[PDB]
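In structure tokens, one chain follows: the form deposited in one PDB entry.
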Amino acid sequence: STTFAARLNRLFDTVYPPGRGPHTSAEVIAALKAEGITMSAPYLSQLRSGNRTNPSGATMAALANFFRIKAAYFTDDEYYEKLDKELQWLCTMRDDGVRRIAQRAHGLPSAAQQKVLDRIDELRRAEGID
């Protein structure tokens, strides 16, 4: 469904360590280099801009590997789908508002926390999200 630049850009935008920001296409190049694999900055770019589509299975393994995710992220929608929800998960942890909310709501009973959820939903109706 989604393009290969889409899936790749989703990993750059989403997977990266704590206490820091998104990896740069060049820690990548360097990270491959430190394991023999030789990949060109200009190539990695055209890949991520959608000018270079249809890479070989080896290049896709290579990147899927820097990110530590199965290459089947790139070729089966089904697992592209299983993983993307988890991907999406990442972004929400590490979102301030969210951290504050679950912070302040932990230690509320099950009735008053559910009551908290009924209110988020109110607010998602109010803003046109739902």
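Positions refer to the first chain, counted from 1. Think of the rigid core as the biggest set of C-alphas that the two forms share within 1.5 Å after superposition. Residues that one form lacks are left out of the comparison. What changes on going to the form deposited in another entry:
Each of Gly50, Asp77, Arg99, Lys70 but one sits over 12 positions from any hinge; the one at the hinge between the rigid parts between the two forms is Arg99. A rigid-body turn of 37° separates the smaller part from the larger between the two forms. After fitting on the rigid core, only one stretch of 3+ residues whose CA atoms all move by 2 angstroms or more between the two forms is found, at 100-129.
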The other form holds:
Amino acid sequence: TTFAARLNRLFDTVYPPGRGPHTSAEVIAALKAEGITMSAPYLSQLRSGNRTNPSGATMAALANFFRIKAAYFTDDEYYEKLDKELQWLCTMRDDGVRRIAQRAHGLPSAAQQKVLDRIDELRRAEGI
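Same protein, different state: after the form deposited in one PDB entry, show the form deposited in another entry.
Here you get just the chain by itself.
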């Protein structure tokens, strides 16, 4: 996956409660406050793929804004490991998965093991 896709993936998956995805402007602004200068056109270009190969410092500033290791942009193994965590940040906001998953919070370790067992049974009764 490209820089643009990884960058945009952070924009789409990493953000605060009570609101939605960060905007490019919020990022330019936050960088400004740490005394870092980045142009909106440049950020835009990085997001769109009209410029590529961002410098180590540009990458470290974007990674610091989202609060993740820069290795996310440059290392494939780590990218995938962390992308799994981001994936969950999506599936968790699902309403269908909230229903089930949620009520299980509150059961003791032992009782959750029986839920896992019931699930395995429903799996076989289907595929799977």
